[PDB]
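Below, in structure tokens: the form solved without 2,4-dinitrophenol (DNF), a single chain.
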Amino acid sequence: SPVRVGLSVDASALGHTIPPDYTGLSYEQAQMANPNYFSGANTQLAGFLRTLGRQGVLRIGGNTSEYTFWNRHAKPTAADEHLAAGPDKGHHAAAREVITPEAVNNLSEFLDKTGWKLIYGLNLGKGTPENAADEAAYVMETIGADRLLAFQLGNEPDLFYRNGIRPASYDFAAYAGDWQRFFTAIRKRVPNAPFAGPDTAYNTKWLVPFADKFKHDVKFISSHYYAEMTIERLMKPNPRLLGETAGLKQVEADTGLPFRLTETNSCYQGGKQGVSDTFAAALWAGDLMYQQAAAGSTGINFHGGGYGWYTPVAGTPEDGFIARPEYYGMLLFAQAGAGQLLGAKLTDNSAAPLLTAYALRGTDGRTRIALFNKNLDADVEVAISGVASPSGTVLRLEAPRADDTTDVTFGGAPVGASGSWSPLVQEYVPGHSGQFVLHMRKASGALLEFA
């Protein structure tokens, strides 16, 4: 007994344009202590990034960016030649790590194998303005202007008052004083240096005051989002999401600087075993990419590394890399590709309320629809109107249970080594122009492409 829902596509209801560099990943700065990780020799990880997008952004930052120190004469230690730095769990201070010129040289070679651009964290929490300027000069020289999208001056500065990085009295005004001092030092050595911020954890009250004070000094505004957890809770809206969406919309409405979600994943403190590492996270992540794009976001960076519960890609240079379940929701987005969002209204859906749908006119002119049946107990039958085409094909995003940590496929295939992926099962959509009908099992996703 599927829940019978209507989906009306309205090509006259033009939404936001999704740019080619929308997709992205975030890693801990501590990983730059291992020059083998972001390296030309890491062909496996480079292939996972290429499969997520021809263009995209690598963001390096996180809690460890306050505990990582640039040393222009240093070489890496024994332990850090083998370091796989997973997401910081945010319980206490991270271990001190050193970043070497060799690590920045190898990062350039890595980025050049991918086509991706870089957002690079500087140490405003514990470092000096002069050391930041020295690091920025080396990064700008080596990575180059076309691949360096932005420096960010600290990670989650809105938590320095609580985590001991600053006094209890630290507030936006104190942060703006620190930010101006680092900005001035860096621009003295790197007059072309680009910036973004404030890279906040959650405090939306900082976004527009940052944008207004530093309007002539930044390329875009950035903030973070974590949904925390149970799988049922992850499939629903929550107040924190509503607040972050409202913050993004205030930036777009009050400034005309673009916004990027520079660090996001399902559950903070490194994720939750049984939620973040499950097929549910693929549906959560693919739905999030579209919801934020529909709300006016220019891009996203899913946090990860090591074998963290929420990482899209898990592994090490020594042991190899694998796509975790969340990767498959980002792979649906990659396959849908860039374009402009169209209206897509669901009706008769109160029985299947966690079903989401997004329509897109691709750069090639063809209509695509991304659906996420996030209902854990309801199959749906989707009557699709407003789409004119002889023919459509469906790629399904599936696992046998929402809590599965494996068995995830897209287009009837898993991702293989080095991000290898091609569709092996493609089905025609039942119906004809102006009336297509699509069945979806409970807890599943679909990408429809029309001729």
Given for the second form:
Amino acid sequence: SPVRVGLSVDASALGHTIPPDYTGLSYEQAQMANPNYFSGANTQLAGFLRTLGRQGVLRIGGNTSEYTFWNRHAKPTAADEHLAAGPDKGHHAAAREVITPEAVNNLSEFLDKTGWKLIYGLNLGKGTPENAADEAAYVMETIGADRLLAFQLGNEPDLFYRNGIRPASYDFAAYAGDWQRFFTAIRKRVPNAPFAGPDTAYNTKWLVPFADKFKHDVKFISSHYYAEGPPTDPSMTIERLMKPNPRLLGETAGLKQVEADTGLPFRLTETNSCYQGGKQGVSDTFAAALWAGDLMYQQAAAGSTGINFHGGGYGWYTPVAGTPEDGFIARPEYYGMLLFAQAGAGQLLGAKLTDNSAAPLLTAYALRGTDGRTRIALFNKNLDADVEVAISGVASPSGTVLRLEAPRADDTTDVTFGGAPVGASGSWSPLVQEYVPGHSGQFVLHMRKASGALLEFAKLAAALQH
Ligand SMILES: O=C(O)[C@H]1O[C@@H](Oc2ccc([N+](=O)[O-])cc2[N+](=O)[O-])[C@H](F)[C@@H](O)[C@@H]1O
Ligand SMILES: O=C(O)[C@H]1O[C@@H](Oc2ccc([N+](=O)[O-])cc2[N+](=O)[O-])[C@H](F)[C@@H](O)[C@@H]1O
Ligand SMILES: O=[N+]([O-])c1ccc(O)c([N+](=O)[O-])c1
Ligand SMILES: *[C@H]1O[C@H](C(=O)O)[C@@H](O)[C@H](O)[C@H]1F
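After the form solved without 2,4-dinitrophenol (DNF), can we look at the form solved in complex with 2,4-dinitrophenol (DNF)?
Following is the full complex, with the preceding chain placed first.
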């Protein structure tokens, strides 16, 4: 028998706004070594991005951003024509790669085909300030001011002290030294160069200090988040992924603090289910779809202005997998992002769960969409309990439900949303839609264990609208 829970929506309790560019992805800077990947001719990948959002952000950085060197005078053939750069596995220094001018040109075409904006990593770990300045100049010229959201100076500088990029004594102080030096060189060459940071791995203590020290220099504050790791650790399981944890609590507190204290927006610029490249049998499963869609909403509710799920290649946690030669496919995690895409932008509303102690991992978010229609995204992350949700507070005669499903939580395939898989180049239309009738704002929705749902409610009295 289902666990019977209440969801009270309060349309008068307004929360944060979800902007049209909330969604996004993160990729390794090393991907720039192959100009055919982010390219106008890569119509398949662009299609997958357009389905994730009419607007969104592509972030390029990661562990490889310390090992990639802009070379304005490269032979075009320096390029690795075949490279599909998967998430860095974080065991040792990445292979050193050059970025060519044509890679930047093709990145511009790709952004033009997708309608997305760009966050671009610069090499503060091993590069010089002069080369960063030159790189920045070419990117700004090529990408354009309209599409370049920010440069970022180093990736996860809070781990430099332990990974060898710096000595064991490197700390916030020294980073702020490094950052200032690069910033000044870049701005001399590119007066309108925009910035974000500190792009930290986990260390929230760097956030307010960074935001305070560089308040007039940056557009937003950034940090990262991984639910689990390392992948070889047997405690890192699907069930664990469905649950909050102290790191998430700390990141969430960290983002609220920086926004409260400084008034600067926050963006989660690198995130996925398990670090060091993800975990087989967890990161590549239907559970990751529930995990990722729920994370997008939880972060927005806390005040995050956007997100970037890391990926690339055929990485265990990649939302999109593939290569320009063999084609691209949506992995299970993509479908959690797709639910969010389908819900769209708007303003979050009060929505409280009650009688839910026997179904503690169910989450729900109500949104007043741009078009004025109410949506509710639910994630029954309970692996073993079906739920029956008594929804109230919804001023609508009826809704449709689109289901996020797979036959088992650990399935690496068989994932559908709205009764359909995603096809080639991000193609997707709902094929199964269930009507839910309401009265006095009350609706009842059953959800199987380990499933999700998006409810879209009809306007009142709008049957004759043009
Ligand atoms: O030189 C090595 O192989 C060195 O690699 C360290 O690993 C890293 C170095 C740099 C980065 N990074 O810029 O992101 C990341 C890693 N990493 O996450 O593995 C090793 F820690 C060190 O033992 C090794 O000597
Ligand atoms: O790690 C290294 O290879 C070495 O690289 C230098 O930085 C560069 C390498 C290559 C180019 N380029 O192909 O135009 C440019 C730079 N650069 O001016 O940043 C570092 F300076 C050096 O410390 C590092 O050991
Ligand atoms: O269940 N449906 O496919 C469906 C379609 C259009 C609709 O307008 C509604 N509705 O009124 O909520 C439901
Ligand atoms: C963010 O963390 C990722 C991971 O550990 O999976 C890496 O792939 C990425 O290079 C790093 F920036």
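Residue numbers count along the first chain shown, from 1. In this text, the rigid core denotes the largest set of C-alpha atoms whose superposition between the two forms falls within 1.5 Å. Only residues modelled in both forms are compared.
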Query - Core-superposed comparison between these two forms - Cα displaced by 2 angstroms or more, from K213, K75, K236, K205 - result: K75
**Report entry** Rigid core fit then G431 CA moved by 2 Å or more between these two forms
**Finding:** yes
